[PDB]
Amino acid sequence: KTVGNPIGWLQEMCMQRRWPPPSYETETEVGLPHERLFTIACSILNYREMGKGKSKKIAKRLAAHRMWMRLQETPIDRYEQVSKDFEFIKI
Amino acid sequence: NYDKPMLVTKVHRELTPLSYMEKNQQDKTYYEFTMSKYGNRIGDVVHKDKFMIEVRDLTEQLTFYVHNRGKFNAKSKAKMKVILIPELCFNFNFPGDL
Amino acid sequence: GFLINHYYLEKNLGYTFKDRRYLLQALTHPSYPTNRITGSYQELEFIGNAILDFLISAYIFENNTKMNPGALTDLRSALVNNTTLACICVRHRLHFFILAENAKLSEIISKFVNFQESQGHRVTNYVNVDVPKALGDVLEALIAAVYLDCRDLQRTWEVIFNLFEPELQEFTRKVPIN
Amino acid sequence: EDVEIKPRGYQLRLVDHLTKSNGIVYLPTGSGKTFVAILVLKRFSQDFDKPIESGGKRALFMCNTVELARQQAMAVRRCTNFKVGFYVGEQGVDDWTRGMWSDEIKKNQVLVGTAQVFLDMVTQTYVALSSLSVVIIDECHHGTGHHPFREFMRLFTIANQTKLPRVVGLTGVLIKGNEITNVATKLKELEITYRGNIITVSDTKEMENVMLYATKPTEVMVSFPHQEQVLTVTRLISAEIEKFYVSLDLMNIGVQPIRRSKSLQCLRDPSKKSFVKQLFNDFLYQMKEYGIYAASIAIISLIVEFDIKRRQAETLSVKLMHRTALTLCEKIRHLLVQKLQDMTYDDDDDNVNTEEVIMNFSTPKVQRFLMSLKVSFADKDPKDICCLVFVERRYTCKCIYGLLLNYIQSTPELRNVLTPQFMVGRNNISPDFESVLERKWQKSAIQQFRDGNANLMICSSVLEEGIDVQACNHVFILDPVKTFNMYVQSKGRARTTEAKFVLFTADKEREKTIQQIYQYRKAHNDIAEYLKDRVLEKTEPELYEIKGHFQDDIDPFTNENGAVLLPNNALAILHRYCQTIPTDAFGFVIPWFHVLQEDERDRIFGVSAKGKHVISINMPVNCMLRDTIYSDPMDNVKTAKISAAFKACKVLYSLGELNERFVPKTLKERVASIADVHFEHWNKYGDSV
Amino acid sequence: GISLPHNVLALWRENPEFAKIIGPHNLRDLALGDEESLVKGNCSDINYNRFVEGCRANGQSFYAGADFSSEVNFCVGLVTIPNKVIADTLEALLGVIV
RNA sequence: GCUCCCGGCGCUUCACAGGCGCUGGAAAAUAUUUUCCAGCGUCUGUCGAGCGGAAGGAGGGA
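Protein chains in written order, with the working numbering: chain D, 352 to 442; chain F, 180 to 277; chain S, 43 to 220; chain X, 6 to 694; chain A, 676 to 773.
The reader is advised that the hints may include incorrect statements.
Which bits of chain X does chain S cover? Going by a derived footprint, with three or more residues having C-beta under 8 angstroms, they are [as the list claims (entries may be wrong)]:
(1) 258-270
(2) 377-386
(3) 592-606
It should be emphasised that the hints constitute simulated quantities derived from the structure, not laboratory data. Yeah, the Cβ is synthetic: ideal placement off N, Cα and C, and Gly gets one too.
Modelling step: build the complete structure from the supplied sequences, incorporating the hints.
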């Protein structure tokens, strides 16, 4: 549901209001090198939202999205079986 | 998953879905067993109060010269009586005896 | 810095060195990577083999005049055998100072020294456990190191006789024939 | 109404074009591509009989892999009257001397072998490029970067220009990777790497004649749903493997060689532990991808592999580590078997129970694959079906092979139609699930598939390239296609009429895989049209661009004898030399490569090495070099390492350790260099040392 | 009521030098449609040319010199019998006459 | 066992290109809009370098 640039909007809502610019902090880098999961934190005055992503890119983006809509809110046991009606679709 | 053709022997007018299985599944009906096994594949059963059928499997061999000697356990072989809902099985117009 | 328990090794060997780099070359296995100031022991062992063989042959020729030349050459081959050198090296605890970085070689040396301790440092029958050539080669290397440091075949002979006295005495009473 | 095959019009046209001017022939894989090679081989056979000393010449057929070399050697042997030789690293070519190479070339008219063998052949002055009438390159798309084909082509820039051989490139696909965009520059670079332009069939009748041996099989898509939820037993096994990794990180095996990253910034775990970690990670991947039954087969494969490694282990600590790994694998297998057995309450008929548990304990990918396999080979003739299954990972081949064995001996209709078989590339996997010390089965998987004993092949990109396989009606690409050449060549594998090409992709990646296939097809069309409209009178690249293509790398070194030391071969030669120096089993130590720090680099090289990387190499203690040869300041680490190896080899040659051919001196040359001074008196008695 | 296509049969029987190279893998190229298998009676020109070219190319691949008779003999009516069976059937005819 | 080669995938760090978001400065127009410039952060793409798993190939050597 993050259709656009959430952190551009985040900086927008912050420093229209003469609020301090959003600070970004890279907290943890966990996992194997081929599956590293990165943790970016965003702090804006007393509010801080967490960002998890497979890359620092998407982690920071999602952290800023959390900051952004938080700024607005607060002003099996079984593999599923497959049907047999499958066909060979031409490509 | 067993797509082999089979032969229908008799149809049971008195029988109908939602009827209790005669052996080992008295608490299990044909209708609910069919759902619990292939509901995502069949969706639903239509014509629920009509008759059903009884089918028997055909041999897959094509050479009948040598005697098929073995301990078949004929009673155990006949134990698995197969009762099928008609509209869930594809029906040929081909006679079975032929 | 390379030489730890220096006095221990010098006391067991029976020689005190004036120039320690010969000892470093003697104890340097080719697999040891961090020694970049002096070559391995193969050069030293090449000379030491001939020196030890000649000295042993000279002693057995001078003293063992009773036995026939066939027994003399059998005794010579037995005294300079790599197995005998390995037992002598283990008995004097010279394997503690070998500079090597091979896991398989270290395990082989440990197994052989355990087996030797099981026999009480006694030369058994030509020994079911493999014998590493490293012990014999390093022993020959320190022999050549003594020779090069002292430049005196008499002192080298004193060292070799001090090392070989039990084996010399035992092998002069019975000849190991295989 | 005849048996012998006559050359076609397009083949004759290609041969006539090749004889006057060199180039690359781009034809679909099959009999035409090798027939044209045989024809151009025959056309350059004027000077085969005459010896080299009398102005004779030879023909060189250099391949990519040993099996393709043997294959083409047998083909040319059985199709031509020439006598051909087979020269690969398995023949022990390294210890071959001057005289017995000379009689070897004297014997055979055509030399067939791998690229590296002929590269070291030429670089050691065993033959000259003037001594080869024509050279044949098949699978020329491999000749990029530092591949031996490109080094062999680089050798052409040093030898005499007026006495160069004829270069011919055989390929079924021109592009190797995914650089499908901007075809023109890629094709120009490929043509510049060799010394000719690409030629292909143009007339409609020519295309139709080509069509008689190639095929465009129908390609179809088999969608299966993709789900993310996982079983609890998978979580338990993952936790067990994580705990075992924690325990193994402090296993404390004996001292091991230091392993580092490819560019030497970052440290590595010891190779022995990395092997175990790789095996368990591969097993985890297969468990996540194919299902619980697949994990049950893969854990048996891991049991066999760990048992083999423990048997081959030499140290007690290594045996203990492998015993712990085997204990984990047995525990995992027991857990998987327990999970499988908690379904038998459904019925008692085991024949259908096996099929039902297989279909219930596999991901929708495997279930759809099995349904497609059943509906495609329901009740057909085993002699009539011949199909390949392509998967990515090596262990996926074995796992799917075992699962397919069980499924085949689980369903009545597929019981007597399909005989599965599998093979993988180098670092072969044990094809046995019981870890028996020795088996009496000797027929190779590819030989069984060729002979018709097995009709179902599960291969991992091995059969995409090189090996000849009879025309296959069905080709199942179970794993997603990754490269353009893989797609093209797997599509060309289904070479029979009306053949079926099957793609297995999940629902969420349907758009992306359709777009990828569309880009592949459009790349093929641009290749065709670029080869179509382009016209050139010179039809050969000029000298200036050929020189500019190769000047980026380090200039090679040649001595007065003509031997050439290729900088890309310098590291191989140096490691070869460090191999013959030790005189003991435990005396092997490879050179220590060290990357100099900023302060060290400044202190050594002044202000002339800012922004550049330098590599210092420490030769082992035994060797004569103890001067810590320093590489020149280069842009990246790989060039620095190559320069360091090159300087080390040059300084070794100046020291006489290379016998004026940049191959390490053997004992015989060392004693021959001393016979004339120490054994001079032997001559009067008719003997030499 | 069914047999191989007429054209390929004519090529197979009327060419002894060409009959030793047709194998099971070559027969896979003969995938005729409904029209060819039902009304036409023989493979089309393109299919015939492709099959002939594949059979010719058999002589240069790894299949050269192979013996495909054991798997393609039944197509043309040939069969291989041991000489012992021939002697034994002569003796069996003698025995029944006796 | 070691070394090398080819390709693809995933992340990390540098350079370039464009967009966005605004702060400030200069200008025009009627607190408002527009134009130019600087700064910060980001979004999209490209070029380098590095890390990691996976596939294939070769060679030397026992």
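Consistency of the hints with the structure:
1. 258-270: It holds: at least three residues are needed, and the segment 258-270 of chain X offers 4 whose Cβ sits within less than 8 angstroms of chain S.
2. 377-386: violated (count 0)
3. 592-606: Since 4 is at least three, the answer is holds.
Violated hint: 2 only; the structure is consistent with all others.
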